[PDB]
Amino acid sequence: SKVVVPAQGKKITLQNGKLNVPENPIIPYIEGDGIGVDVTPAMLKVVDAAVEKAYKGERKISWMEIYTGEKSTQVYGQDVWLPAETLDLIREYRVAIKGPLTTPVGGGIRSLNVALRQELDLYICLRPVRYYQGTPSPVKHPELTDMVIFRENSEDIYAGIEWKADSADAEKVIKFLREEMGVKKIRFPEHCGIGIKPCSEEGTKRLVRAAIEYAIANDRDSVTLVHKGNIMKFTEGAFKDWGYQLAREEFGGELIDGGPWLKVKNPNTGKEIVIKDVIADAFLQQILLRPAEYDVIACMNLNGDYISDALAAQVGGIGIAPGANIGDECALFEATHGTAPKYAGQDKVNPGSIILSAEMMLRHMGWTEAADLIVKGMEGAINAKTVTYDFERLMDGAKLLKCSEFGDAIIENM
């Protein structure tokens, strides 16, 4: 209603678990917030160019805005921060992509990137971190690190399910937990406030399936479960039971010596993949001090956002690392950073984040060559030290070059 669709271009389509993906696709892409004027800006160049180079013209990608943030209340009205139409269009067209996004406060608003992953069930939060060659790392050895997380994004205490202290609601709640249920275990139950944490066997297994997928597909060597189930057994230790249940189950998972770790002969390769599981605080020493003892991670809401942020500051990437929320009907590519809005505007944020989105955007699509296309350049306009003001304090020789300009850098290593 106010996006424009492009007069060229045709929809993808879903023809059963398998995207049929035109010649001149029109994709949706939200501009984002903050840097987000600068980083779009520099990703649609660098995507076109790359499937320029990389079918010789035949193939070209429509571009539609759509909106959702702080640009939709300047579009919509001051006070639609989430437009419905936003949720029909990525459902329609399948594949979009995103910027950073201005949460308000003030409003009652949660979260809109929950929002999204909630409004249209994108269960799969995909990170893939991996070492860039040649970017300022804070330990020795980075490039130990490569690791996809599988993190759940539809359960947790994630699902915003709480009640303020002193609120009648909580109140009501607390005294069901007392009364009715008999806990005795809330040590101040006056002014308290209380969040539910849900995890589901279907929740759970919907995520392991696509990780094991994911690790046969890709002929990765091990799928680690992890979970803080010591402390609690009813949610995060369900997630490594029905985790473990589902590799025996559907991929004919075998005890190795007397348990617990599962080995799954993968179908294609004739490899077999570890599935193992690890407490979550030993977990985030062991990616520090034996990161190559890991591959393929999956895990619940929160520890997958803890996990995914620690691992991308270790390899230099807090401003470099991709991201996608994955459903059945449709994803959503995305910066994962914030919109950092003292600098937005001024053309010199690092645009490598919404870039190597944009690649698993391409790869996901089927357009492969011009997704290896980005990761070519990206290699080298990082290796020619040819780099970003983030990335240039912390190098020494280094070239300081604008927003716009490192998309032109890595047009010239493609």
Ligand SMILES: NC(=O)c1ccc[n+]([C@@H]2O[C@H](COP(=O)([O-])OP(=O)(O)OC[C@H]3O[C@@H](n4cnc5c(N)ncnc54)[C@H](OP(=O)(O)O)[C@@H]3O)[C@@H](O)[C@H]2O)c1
Second form
There are 2 protein chains.
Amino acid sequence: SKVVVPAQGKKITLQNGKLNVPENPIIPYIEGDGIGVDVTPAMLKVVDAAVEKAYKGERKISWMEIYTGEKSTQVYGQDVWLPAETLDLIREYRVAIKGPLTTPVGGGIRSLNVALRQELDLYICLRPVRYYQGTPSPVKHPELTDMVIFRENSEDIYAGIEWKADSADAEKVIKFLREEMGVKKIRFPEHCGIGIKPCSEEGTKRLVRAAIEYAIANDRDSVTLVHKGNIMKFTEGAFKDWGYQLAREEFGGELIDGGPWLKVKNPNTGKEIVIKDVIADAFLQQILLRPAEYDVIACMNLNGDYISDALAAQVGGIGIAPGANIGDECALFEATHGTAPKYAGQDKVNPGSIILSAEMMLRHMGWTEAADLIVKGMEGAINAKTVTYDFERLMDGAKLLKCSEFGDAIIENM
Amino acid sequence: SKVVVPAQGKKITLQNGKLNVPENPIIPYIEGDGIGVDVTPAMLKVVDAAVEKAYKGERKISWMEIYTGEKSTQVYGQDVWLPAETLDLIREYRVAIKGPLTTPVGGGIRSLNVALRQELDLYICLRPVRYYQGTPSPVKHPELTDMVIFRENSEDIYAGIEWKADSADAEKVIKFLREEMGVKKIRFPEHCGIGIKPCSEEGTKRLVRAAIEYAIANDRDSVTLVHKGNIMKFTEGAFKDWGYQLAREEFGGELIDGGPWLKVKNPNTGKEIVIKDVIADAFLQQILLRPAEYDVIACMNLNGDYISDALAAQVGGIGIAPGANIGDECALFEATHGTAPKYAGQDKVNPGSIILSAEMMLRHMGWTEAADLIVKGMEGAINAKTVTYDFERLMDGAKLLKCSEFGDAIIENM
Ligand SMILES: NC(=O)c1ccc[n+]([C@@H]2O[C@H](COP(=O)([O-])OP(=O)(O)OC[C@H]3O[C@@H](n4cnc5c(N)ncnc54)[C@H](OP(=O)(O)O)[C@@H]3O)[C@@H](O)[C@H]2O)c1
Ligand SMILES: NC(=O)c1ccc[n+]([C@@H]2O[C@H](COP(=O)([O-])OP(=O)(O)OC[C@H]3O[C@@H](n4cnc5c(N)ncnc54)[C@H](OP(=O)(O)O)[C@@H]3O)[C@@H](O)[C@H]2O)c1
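Having seen the form solved without this ligand, could you give me the form deposited with this ligand bound?
Full assembly next; the chain just shown is listed first.
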């Protein structure tokens, strides 16, 4: 009802597991709450400039705004935070992008971001994290970090299955656990909240399957299964066993030494990709202490949230970290930072995250020239130290830029 | 049967919630697997020197070795990894310490460390993390970190309640969830592992209760409730609500501004302690980016493992991080690093962790003079750059020391 389909423009289709993108594709975008009003306009202009420059006017995106979050309630009504129409629009047009989203508190509503992921079955959360020269960073050698996180996106405790302490359901579940499953380890059964943590074999293998294909298509050096399997043997640990098993079953994994690592040969470059694993709490230490040893990461939903968010901070990219939610049929790219309501509307915020997510989106569309230009623009703008206040306040000799002006700087550095 | 109670020596008792420690107390200690054979002897000698120097010969510990892990199987037999006698010994003598422990794989045995914590109901995992000048660190300003972690120690998913995919129990639980609880969010119900995540109100409030008392007794600046409550509302989120509620109910918490932070007045110094909260994935970023803003931390079991282990790495103290497991009746202090089998027996390992845990143990015993001397010794030895290989290999100008020699250096710097 209130979305306007672009007069000129054409739908992306999926054929044979491969996107068919027209030169005039319609892309759905969600402005986002808070500073989404600042960064989305910059992102539109930066992407159009990259597309115009890479294909000399032969291609062009027909943006189409759709809604989620506050703007959805002001467009559709009182408690329409995520209209069915927005899900249908993303499935019809295959590829979309959105700014920051916040979920209201006090109405029993659970994460809108996670709702999008789970209802579009975008089981890959893809966070590439690598250091942009010139970025102010808390660690000494941020340039050693160059990883790609494959975070499982629908199952784990992150999935939102839980009962409230003292509710009839929680006490029903606890009664079933103690009396029918014989559980004795619930220290205090009264006034106790309960959460469920599921992890299946198919969900594990389609997430690791994507990670290893990614290592192959991008010739990277390894895939590390991160887990907390010595405590949670049947979810985290199973994730790690199924991941190794997939590597053997579908990518000819061979045993290194006495194990447990494997090596997968890259069919296209001959490079032996190492498959290995690290327990999650030690991994949070290793990304600081021995960052160059890691590359592609495969892990479950909650660990992936932590790991992405720790890596982004340690390269000083907490505000420019790109992110994508990808499934077999649809894809939703997103700004990964908060809504920062304090500065919303002041044209202050750093648009780098949603712009790099747009870079991912173009590359997912097969428009790699335009995507390369955006990386190149971020490269030069940040290396030139012409940046927004969240960068500039941490450093000397930088030129302070509004949000919109940083978008221009990126275009100027393409 | 194989433990020898010390001829001379006397049992610590608990009276009125307060330890009564004799001048000749018997302390039970577990050597620990792997490098425990290296660091425990250094720790015995360092603690005895501190006690001898602080009390001029009037006090002295009667160590008593007890067993867990490999040495237990070689002392008691084939699969005796954790003899009942060791639990009884720790409850009889109240205070003990142990080196690194590893749990065997392939026999269905779950963490020996966690078994000790849960069966002695040591619900506080206490990790103080602060930077020792001279330590090689991956970040630029490690000296800004000075935190104390209160990690909940018996409940959360960390508690080891789970079924294996395809087992009759997992399929029984999944059937109950889908058919009797109406759960629709399990993406793939087949071949799916299940874990339970419990969090009670009493468990939350006795853990936060200890954290706030600690902030009071040590005049620190704040207590931060760390959680992942926007996704797990009834466990992580409840932990955070119960924590605030305790602060109001028992420590006169008053609202700051419009909330949600509180302020608790320190009954002894008048200092207003801030009670606040941060969501766990953002917190892993904040301990890097704004570390000076945090002090005492209160959080649940799994987050506490991650947070302690990330902080230790970021001050370069991955091998000297102290740790204690404390309950209302018993206490078990521990080395917090792995068993490092590769270097075990070579007198290489860094004894700093178990020695600082001994420092905690003495201070828990009321022997604060001896504890102060050990801190002072670690201070000087590390500042003098007379350290073991894990420090020395990361730095220039250091003097390489065996494990035993570093223990001497600590004594020499008391
Ligand atoms: N993945 C996501 O899209 C995502 C993840 C979590 C939360 N959010 C949402 O965001 C809301 C915003 O409000 P909050 O105050 O509660 O946030 P908050 O995350 O605790 O705070 C974020 C802070 O990071 C900075 N920042 C955020 N985005 C930035 C960007 N793009 N460029 C530069 N700096 C940026 C601002 O700090 P300075 O003022 O220091 O610059 C900002 O206020 C939350 O309630 C939440 O639902 C979105
Ligand atoms: N809290 C605990 O007590 C605890 C926690 C987890 C694991 N562990 C156990 O430890 C076992 C040891 O074997 P792993 O090889 O599997 O360990 P791992 O933790 O993956 O490796 C630890 C590495 O840290 C270094 N290190 C460990 N303790 C140190 C110390 N005290 N001083 C200086 N450097 C230290 C050594 O690295 P460099 O060679 O680079 O120096 C070491 O091999 C594990 O299987 C596990 O059950 C104990």
